Each structure stands twice: as structure tokens, then as C-alpha cells.
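Use the sequences and the hints to build the structure in full.
Each chain is listed here by its residues.
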Amino acid sequence: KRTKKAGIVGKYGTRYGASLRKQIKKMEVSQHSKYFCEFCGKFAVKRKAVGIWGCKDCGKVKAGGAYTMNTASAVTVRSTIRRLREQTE
Amino acid sequence: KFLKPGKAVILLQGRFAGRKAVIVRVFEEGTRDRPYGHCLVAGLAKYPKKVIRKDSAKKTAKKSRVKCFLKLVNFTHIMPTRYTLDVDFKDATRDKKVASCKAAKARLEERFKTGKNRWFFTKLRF
Amino acid sequence: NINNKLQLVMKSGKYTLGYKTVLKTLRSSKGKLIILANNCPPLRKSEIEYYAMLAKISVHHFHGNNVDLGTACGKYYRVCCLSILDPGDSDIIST
Amino acid sequence: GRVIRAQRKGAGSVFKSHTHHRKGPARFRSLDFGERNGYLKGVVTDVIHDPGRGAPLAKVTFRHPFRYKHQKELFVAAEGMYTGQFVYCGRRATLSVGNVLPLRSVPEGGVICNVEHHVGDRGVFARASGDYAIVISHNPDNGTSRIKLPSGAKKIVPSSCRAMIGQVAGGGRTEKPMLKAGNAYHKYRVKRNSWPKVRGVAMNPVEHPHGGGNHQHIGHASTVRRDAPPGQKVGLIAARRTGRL
Amino acid sequence: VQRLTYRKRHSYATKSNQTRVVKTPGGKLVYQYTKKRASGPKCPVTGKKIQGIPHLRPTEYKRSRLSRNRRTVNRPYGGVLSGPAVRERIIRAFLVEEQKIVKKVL
Amino acid sequence: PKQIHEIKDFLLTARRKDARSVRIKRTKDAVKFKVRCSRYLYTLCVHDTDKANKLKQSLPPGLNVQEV
Amino acid sequence: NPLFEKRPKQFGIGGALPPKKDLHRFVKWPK
RNA sequence: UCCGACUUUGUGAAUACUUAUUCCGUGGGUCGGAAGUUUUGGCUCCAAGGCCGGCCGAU
RNA sequence: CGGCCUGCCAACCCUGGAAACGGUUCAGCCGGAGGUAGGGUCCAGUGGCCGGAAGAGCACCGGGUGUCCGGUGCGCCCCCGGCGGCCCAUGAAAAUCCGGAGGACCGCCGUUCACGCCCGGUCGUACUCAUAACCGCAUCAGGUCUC
RNA sequence: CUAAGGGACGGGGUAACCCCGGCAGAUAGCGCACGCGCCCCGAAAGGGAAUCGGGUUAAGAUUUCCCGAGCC
Ligand SMILES: [K+]
Ligand SMILES: [K+]
Ligand SMILES: [K+]
Ligand SMILES: [K+]
Ligand SMILES: [K+]
Ligand SMILES: [K+]
Ligand SMILES: [K+]
Ligand SMILES: [K+]
Ligand SMILES: [Mg+2]
Ligand SMILES: [Mg+2]
Ligand SMILES: [Mg+2]
Ligand SMILES: [Mg+2]
Ligand SMILES: [Mg+2]
Ligand SMILES: [Mg+2]
Ligand SMILES: [Mg+2]
Ligand SMILES: [Mg+2]
Ligand SMILES: [Mg+2]
Ligand SMILES: [Mg+2]
Ligand SMILES: [Mg+2]
Ligand SMILES: [Mg+2]
Ligand SMILES: [Mg+2]
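Protein chains in written order, with PDB author numbering: chain Cp, 9 to 97; chain CZ, 3 to 93, 102 to 136; chain Cc, 13 to 107; chain CA, 2 to 246; chain Cg, 2 to 107; chain Ck, 2 to 69; chain CG, 22 to 52.
I should point out that these hints are in silico values taken from the structure, not numbers from a laboratory. Note that beta-carbon positions come from the ideal geometry of N, C-alpha and C, so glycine has one too. It is possible that some hints are incorrect.
Said to hold, decoys possible - Part of the chain Cp face toward chain Cc, derived, beta carbon under 8 Å:
1. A14
2. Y43
3. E46
Stated by the list, open to error - Quick look at which bits of chain CA chain Cp covers, simulated, 3 or more residues with Cβ under 8 Å:
4. 56 to 66
5. 73 to 82
6. 96 to 106
The structure is reproduced here in C-alpha cells:
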């Protein structure tokens with residue numbers, strides 16, 4: 009409805025090229041999404057600025073990715089740091 | 003079962019927030035005026051001050067003084083501790107209330123001089 | 013096997029859900045067991061364990077989230093803590 | 002001719018950095034006895050935005066080691082840090098993301114950021130958003146450590162140098178297309194007077210070595226000696242190769 | 002319709018030059034200069050408003066200009082921390098202190 | 002300016018040393034007694050005709066009295 | 022007197038604030 | 001601007017040293033040798049105590 | 001300007017314990033981390049009444065009369081409140097003022113209370129602000145920041 | 001009062017005029033002997049002690065004079 013494929017990117021009209029609009033689409037969606045708060049258990053985490061993710065209700069503010077709360081390498085880094093910490097013992 | 007007369011509590015709200023008190027009477031079910039469970043407590047409005055050997059005799063007598071308050075507190079405004087202070091209290103007007111406060115002050119000042127219950131007279135830091 | 017036993021307590025026993033009613037049952041010593049979610053606020057968690065130590069009530073730390081609790085109890089809202097006051101035909105207490 | 006634009010930036014007149022709304026230098030706390038021998042706990046109070054910096058900064062409060070005072074710090078925030086979190090700095094700090102450790106305490110393969118080059122530098126390496134260094138190896142004889150920098154270069158650092166555990170927050174920032182001259186205008190408005198660049202071929206010969214001609218063309222090789230004087234050193238400087246491989 | 006003029010030599014509509022229209026007993030309209038809207042006291046741990054204190058310009062809170070009951074709240078950390086913040090600190094102070102004793106025994 | 006409600010408090014204020022004059026203003030409803038003190042002008046409204054007269058006669062003899 | 026008691030302070034890295042020490046050898050003297 | 005000589009420029013072993021020089025850090029706040037605090041977004045200062053102004057507590 | 005009342009929209013408190021889920025905005029959104037409901041606290045106003053103050057001002061009649069009662073709104077201007085959106089943009093500082101933690105020290109001495117007494121320097125201030133008071137050699141169809 | 005910024009003690013450079021402010025130099029002092037110790041200029045649109053109504057001149061006062069009423 010209202011659009012067959014543009015979605016959030018229809019605000020850009022006919023400008024900038026179809027491939028660039030398709031490129032920006034995933035980050036426009038992800039940066040405006042609501043994320044799960046591990047501290048309180050609600051989907052209330054919103055981007056306050058690039059890298060800054062604040063929960064609406066519990067008030068926790070977390071440092072994360074530019075356009076998504078958790079980057080892929082952040083999970084990988086945490087697992088590497090956790091394995092190094094345990095094997096250190 | 004741990005909210006009984008003689009048990010020590012901490013007030014969490016109000017004018018005496020953060021003060022230590024002892025339970026005197028428990029209305030577990032609550033009266034008609036107060037449907038909720040509540041207790042009568044006797045607390046320290048002014049803690050006895052730090053008493054040290056270097057002090058003179060008159061000064062350490064002034065530092066050992068306490069002030070006592072009487073208050074009815076909702077159960078939800080109380081942090082129940084594991085400590086116990088028994089001084090045989092067994093307890102309306104603005105004259106009866108203040109007189110009863112002075113009696114508890116004499117008993118609590120005497121307990122403090124005994125040296126026991128050091129936690130009860132040593133304030134809380136927050 | 014704790015999700016099934018908790019599922020049976022909601023079907024036949026008596027319980028209460030939520031912080032304020034968990035504290036009330038501890039004050040009146042009606043709860044037989046306290047269950048805490050793993051993301052329950054650390055100040056809140058400490059106070060409930062201290063209340064349970066004042067009485068003689070056991071506390072179990074639920075293996076999952078506060079979203080997972082409540083779902084285990086078959087409700088569509090989150091549950092931070094649970095208090096069991098009657099299991100009836102459930103062996104949750106003896107474990 | 003006249004002084005070219007590349008030369009005029011060193012005077013720093015209109016080319017000074019825009020820093021009026023910046024929150025202060027981001028760096029470790031000064032190295033002291035407690036960090037050198039044990040650990041010190043601070044609490045994260047805010048995660049804030051710094052204009053011109055992609056990565057968020059973390060406000061941390063410590064207790065002063067010997068004065069009855071608060072000690073407030075501000076460094077680059079590692080990804081995953083949050084407000085109300087306890088961070089620990091020092092030799093005996095646990096290997097956890099957000100903690101500040103000497104490199105001697107980080108095993109091989111650890112991901113680190115804001116790495117000191119000299120002991121007490123307060124952090125020199127891997128500070129931009131999404132960047133990190135990797136611990137490669139340890140030398141106990143010389144007391145040095147080998148780390149891998151974001152550019153790929155290996156570097157030898159003293160094992161007493163401090164680094165934070167984790168990678169810098171805000172990664173993925175440059176994958177998003179800017180799409181607009183105006184978005185680029187706002188980016189550089191809070192950084193420097195550099196954004197709208199005029200091509201040297203679009204100039205007159207008085208202003209640029211590339212200027213002039215009846216067609217826009219350089220007219221000589223754009224690769225230039227490393228030792229060329231300022232005003233002459235434009236184009237690709239000391240290039241070992243050109244073109245797209 | 003009785004258009005108005007500024008009454009001082011400030012000629013620019015800045016936030017410090019905000020006016021209101023009043024009717025005088027002389028039957029005319031004049032400008033009166035108002036005070037900028039001010040936040041009241043705020044709690045540093047919750048960010049919420051501090052109950053019991055009015056929202057004034059900082060110099061209107063001066064002791065010679067404001068009564069003492071209006072300036073304060075009768076509780077520890079009265080005008081600084083809210084009630085929820087004070088309750089949490091009392092509970093945290095006591096519960097962590099008990100843990101220190103338990104660490105010592107164990 | 003401040004209002005006084007009970008008659009006796011107006012009596013003590015008119016007896017103050019810093020009180021200078023009393024103005025009596027007649028309205029179609031009541032009678033206003035205004036005593037000019039150092040900082041404030043105090044007004045008392047008397048809705049009764051005889052109470053106004055009793056107040057008039059009982060004023061301190063040292064204070065000036067004016068009819069408005 | 023039972024009121025008198027010891028109140029020791031443990032001077033660790035993150036312990037009680039230390040008392041005044043000599044600090045003479047670490048003084049930054051005039052040029 | 002690169003490059004060489006002299007000067008700054010010293011000492012000792014068959015390359016080492018540190019005090020010149022250079023760089024970095026700190027409110028110059030635990031350096032050298034020996035002897036013998038992970039806790040929950042809370043508070044932490046101006047010593048209690050012991051023994052003769054003095055010493056330990058605080059090698 | 002002072003006193004009393006009122007108490008928006010948010011925020012907070014106490015009781016209680018919600019699925020047959022409910023409450024709710026133009027939009028949102030909110031609730032076992034405690035909703036709906038019931039009862040309260042605070043907040044701001046350029047809100048109401050009284051004092052100021054009808055003695056003033058205004059309009060009439062020759063000293064006198066009057067200065068009263070309602071209704072309405074996607075109306076216009078200013079201010080405030082509370083939501084939503086946006087940023088690889090996150091949008092001053094300091095003086096100044098208030099509050100708080102602690103409790104060394106102190107008794108006929110403390111008092112941020114009311115009322116009472118005295119004092120308040122220097123310089124600017126007229127007028128124009130424009131198709132004639134400014135610049136454009138001018139009393140120039142130009143140019144010159146605002147309510 | 002501070003903003004962007006400007007000047008400037010010591011020190012450094014410079015034949016001198018003059019050019020350099022973070023390069024740290026016993027920082028030139030503050031409370032009650034004892035204790036502590038990390039320059040100025042720059043906004044009549046930024047921040048900011050405290051005023052209102054009515055009257056008055058040929059010419060002032062869009063809050064300065066008069067009347068009354070307040071405030072700092
Ligand atoms: K030239
Ligand atoms: K430009
Ligand atoms: K270009
Ligand atoms: K050319
Ligand atoms: K108040
Ligand atoms: K004038
Ligand atoms: K003209
Ligand atoms: K000004
Ligand atoms: Mg051309
Ligand atoms: Mg040329
Ligand atoms: Mg209600
Ligand atoms: Mg009136
Ligand atoms: Mg009239
Ligand atoms: Mg307009
Ligand atoms: Mg106090
Ligand atoms: Mg100044
Ligand atoms: Mg400046
Ligand atoms: Mg000089
Ligand atoms: Mg100035
Ligand atoms: Mg101004
Ligand atoms: Mg005039």
C-alpha cells in the first residue's frame with residue numbers, strides 16, 4: 009500500500025539513483041527501529057545519536073553501532089574477549 | 003514473622019528517612035483508620051556523637067545525648083533489618107506524646123552507655 | 013525441568029506475580045518459594061533475597077529473562093519475580 | 002604566481018578546527034600508583050555525543066586516590082558500554098570490555114582500543130569509531146608487545162602501555178551514502194574549513210600547478226617528488242604506483 | 002486598534018525582551034516586560050522535577066526574597082534528590098554494607 | 002497594600018508609633034479604614050454603620066484622622 | 022569505659038584515604 | 001629540502017654506560033634495595049585506639 | 001505589589017491487584033518494573049476574589065449620573081504546556097543564586113521570623129531614524145538592522 | 001559576567017622596532033598562629049538585583065519631574 013518497493017526511502021522522490029536509495033534503505037530502517045532492552049526487557053531502545061542507544065522507560069544509555077544497536081563484530085569481539093578471559097584463568 | 007516488637011528497622015521515606023528505629027507495637031492487619039499493616043516505632047532523630055578517650059568529662063556527657071521520635075509507619079516505608087534492640091518499652103495528646111518520647115530517650119541513652127548495640131547508634135551513610 | 017513444574021503451579025496452585033505482592037507475602041510469611049528472573053534489577057534482587065533471609069524462604073534464580081518468566085507462567089506481560097504460596101500437586105518446592 | 006590553497010592552511014587563519022562545542026579531550030586518566038599496581042573502579046554516568054567525532058564518549062567518575070574529591074574522566078567509549086556500569090582501570094583489572102589494562106595483562110588475540118604509545122600517553126592508537134587494535138605477541142625479555150593497528154601496520158609497544166578492552170563504538174558509520182551536498186556541508190561545518198574542494202584543473206595557472214590550458218588537463222605527470230617545495234607538491238605525492246589494480 | 006511600542010531602548014525581539022499586553026485603569030494598552038520561563042530544580046539521578054519548589058529565575062530564590070518553606074523540602078537531600086532516589090540510596094547503602102560483613106565472615 | 006480582617010488587629014496597628022494617619026472612605030456598601038504605616042497601607046472594611054462609628058470614636062487620640 | 026572502641030582504617034589501593042605522609046623526596050623545588 | 005665533514009661530544013669493554021642533549025607525564029603523590037577494594041548507578045577527608053608534647057597505628 | 005482560592009497539561013504518593021486484556025491521543029502510547037479505578041501531593045497562570053481602588057480615568061447632564069450582563073471561534077499576534085519528528089548536524093560559557101552531605105565547636109545564647117531605623121555614587125537621556133536630520137559632493141526615485 | 005577573540009608578567013627569539021601564552025617560573029594570594037593553594041580587555045541584540053498606575057511642559061518623563069502605591 010502507498011508504494012510497491014520504495015518504503016521509507018520514498019521520502020527521497022526520484023533523486024540520487026535507484027541503487028543509492030536501495031543502499032541507504034537498510035540503514036534508514038535499522039537506525040529508526042526499536043530494539044530490545046536487555047536491562048528491562050522492553051523494545052524501547054532508540055538511537056539518540058550515532059553510536060548512542062537509549063531506552064525510553066528504564067533510562068539506560070548504551071554505546072553501540074552507528075545505525076544498529078549491536079554490530080556484528082561487537083558480538084564477535086565479546087565472544088573473543090570472553091573466551092580469552094576464561095582461558096586466562 | 004520478622005516484624006515484631008523489639009526488631010530494628012530503617013525508615014525509607016518522610017521526614018525521618020534513613021533513620022534507625024525499633025518496633026514497639028505491630029498492627030499487622032491494620033486499624034480502621036489505617037487499613038494497611040503498620041507499626042509504631044521509636045527512632046533516633048539525633049544520633050549520639052562519636053565518643054573518644056581524648057575528650058573531657060563534660061564534653062563526652064554532651065556527645066552521649068540522643069533524641070527520640072515516635073511515628074506510625076506503613077510497612078512499605080520500612081526496611082527490616084536482622085538486628086534486635088530490647089529495652090522494655092511496652093507502649102494521643104501533644105503532651106502525652108512528648109512525655110513518652112522523653113522516657114524512651116532515658117532508656118536509649120542508658121543502653122548506649124552500656125556499650126551494646128553499636129550498630130543501632132552509629133547512623134547510616136548514603 | 014522447571015518450565016513444566018512452574019506450568020503446573022499456574023494450573024492448580026496459588027501464587028502471586030510482581031514485586032509489590034512478593035514483598036507482601038514475605039512480610040506475612042505466606043510464600044513458600046521466591047523465583048527471580050535473571051535481569052531483575054540488582055538493587056531489587058538484593059532486597060528480595062534479604063527479605064527472604066529474614067524469613068526462612070528459599071529463592072530460586074530463574075534461568076531466563078523476565079520476558080521468559082511470565083511466558084513460563086503463561087501470561088502476555090513480563091514478570092520480574094514470582095512467589096509461590098501453594099503448589100498443591102507440584103513438586104517444585106522439594107527441589 | 003600566488004600562494005596555493007594547500008600552503009594557506011598552515012597559517013591556520015580560516016583553516017583552524019571548529020571546536021567551540023566540543024566536550025573536552027578524550028583520554029585515559031593519568032597513570033598513577035593505583036593503576037600501576039592494582040585496580041580502581043569508576044562508574045559510567047553518561048554516554049554523550051562529541052561534535053566532529055564519530056565515536057561516542059563515556060563520562061566516568063572515580064574517587065580520588067588520596068584527596069577527598071571526585072575525579073571525572075572522559076574517554077572514547079568502547080562498544081557495549083552503558084550508564085551505571087562499573088569500569089576498572091589498572092594492572093589487576095579483569096579482562097572485560099570497557100576496562101583499562103596494561104598490555105602485559107591482555108593475552109594474544111585480544112581486541113583493544115585507545116592504545117598508548119608511551120607509558121602514560123593516555124591513548125594514541127585506534128580511537129576512531131569502529132576501530133581497534135589486535136594483540137599479536139608478547140616479548141618478556143625486552144618487555145615489549147606486538148600489536149596490529151587498524152591500517153594493518155605492526156607496531157612494537159612497551160608492555161606497560163594501557164589499552165581499553167573492546168572496539169570503539171559507532172562502527173559502520175561510513176557505509177551509509179551521504180546522498181547530498183548538504184549532508185557533507187553539515188559534516189564538515191563542525192570539523193574544519195575544507196569541504197567544497199575546487200579542482201586544480203578548474204583554476205588559473207597563477208593559483209595552481211594544474212591550472213590553465215584551453216582544455217582542463219594537468220599537462221604533466223600528477224605524481225610528484227617527496228622533496229618538492231611547498232606550492233609545487235600537489236597531486237599524488239611520492240606515489241609508488243598509480244591506477245586501479 | 003491601539004498599536005503598541007516598546008517602553009525601553011531595546012528594539013529587538015530577543016528572549017530577554019519578551020512583553021505582554023495589559024489594560025490599564027487609564028483605558029489603554031501598554032506593554033509590560035515579563036520574566037523568562039525558568040526550569041525548577043531537577044533530580045540528577047532520575048532527571049525528574051523536584052516537588053515542592055517553585056520555578057523561578059535563580060535570583061528570585063534569594064533568601065531575602067523567598068520564604069524558607071518554599072526553598073526547601075524536609076527530608077535528607079531535600080531539594081537535591083527526589084524521594085525515589087533517596088529510597089534507593091538508603092536501601093543500597095544498607096544492603097551493600099551487610100554484604101561487606103558477609104564477605105568478612107566468609 | 003494589605004487588608005485587615007478583624008477590628009482588634011486594626012486597633013493595634015493604628016496604635017503603632019510609625020502609624021501616621023487614618024483615612025475613612027465611604028462606599029455605598031461599607032466603610033473602609035486605611036491607616037498609613039511605614040511600609041504598608043492597611044485597609045479594614047466595616048460593613049456595619051455603628052461599628053464604623055464605634056471605631057471612629059475609639060481611635061487613638063494622637064493619630065491624625067482624615068475624611069475621604 | 023565500654024563506649025570507647027577502636028575504629029581501624031585499612032589503607033589499600035581502593036581503601037581509606039591515606040594520612041599525611043612526609044613526601045619530601047617527591048617535592049618540586051624552585052629552579 | 002636531502003646529503004657529508006667539523007662543533008655540541010662525554011665515559012669503558014672486546015659493543016655497553018649515563019650525566020650532556022632530545023622527547024613524554026604529573027597539582028613532580030608511593031621510584032630503587034631490603035624486610036615483613038570485582039561490590040548492587042550508595043557514603044568515604046580533618047584517626048580511633050595503644051603506649052610514653054613524643055612514638056606506634058602509617059616497616 | 002500583598003493575601004486567600006483555584007489548580008490546567010505533565011510529574012509524584014497511598015490502597016489494591018489486571019486475559020474474556022484493558023486504558024487512551026488528531027497522532028502517539030501506557031500497564032505485575034503495578035494498569036484501569038478510588039483517594040491525594042506538587043507544579044504555573046499573562047486564572048478568580050479581596051486589598052491597591054474609585055478618591056483615579058473615561059463618557060454624559062448641569063456639583064450629579066454611570067462605569068453592567070452574556071455568547072462564540074480550524075479566527076489573528078504574543079507567551080506557556082505537552083507530545084512527535086530530524087541529524088555521519090545533537091544545537092555557548094561565566095558571573096550570580098538556591099539546595100544538600102558532614103558535624104569539628106558551642107548554652108543564657110541561638111534565631112534564614114514579623115514589625116521598626118538609616119542610606120543608595122558616576123556617565124547617557126532633547127530630536128531625526130529617513131522620497132529632507134544617516135551614506136551616496138544635494139532637501140539624490142538609490143542604499144541602510146528592528147518592534 | 002563570560003563568547004569567538006585581543007593584550008600581556010616571566011621566559012624564548014630579535015641589532016632594534018618588535019614577534020611569540022603554555023613554554024610552568026618561589027604566580028605575587030585566600031579562610032579562620034593554623035589551614036588551604038590544580039592577569040586584564042572583549043556583547044546599550046548573549047547571561048543579568050529591584051517599579052507600577054494616574055497627572056504634568058512651548059519643548060521631558062514611550063517607567064527620570066508630581067501624586068499615590070511598592071520593590072531591591
Ligand atoms: K607569491
Ligand atoms: K568553505
Ligand atoms: K571539485
Ligand atoms: K593545465
Ligand atoms: K517546599
Ligand atoms: K529621555
Ligand atoms: K532620504
Ligand atoms: K549587556
Ligand atoms: Mg577559468
Ligand atoms: Mg605555476
Ligand atoms: Mg485515580
Ligand atoms: Mg480593588
Ligand atoms: Mg469617578
Ligand atoms: Mg507579529
Ligand atoms: Mg545537616
Ligand atoms: Mg573578570
Ligand atoms: Mg577565550
Ligand atoms: Mg617580553
Ligand atoms: Mg567586561
Ligand atoms: Mg542584554
Ligand atoms: Mg518627548
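We went through each hint and held it up to the structure:
The beta carbon of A14(Cp) comes no nearer than 34 Å to any beta carbon in chain Cc, farther than 8 Å, and the hint placing it at the interface is violated. Checking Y43(Cp) against chain Cc by beta carbon gives a least distance of about 14 Å; that is not within 8 Å, so the hint is violated. The interface hint given for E46(Cp) is met, as the beta carbon of that residue sits about 7 Å from the closest beta carbon of chain Cc, less than 8 Å. Residues of the region 56 to 66 of chain CA lying with their CB closer than 8 Å to a CB of chain Cp number 3, which satisfies the three-residue condition for coverage.
Counting residues of the region 73 to 82 of chain CA whose CB lies closer than 8 Å to any CB of chain Cp gives 5, so the stated coverage by that chain holds, three being the minimum. Using a Cβ-Cβ cut-off of 8 Å, 3 residues of the region 96 to 106 of chain CA lie near chain Cp, which meets the minimum of three, so the contact claim holds.
Violated hints, in rising order: 1, 2; the structure is consistent with all others.
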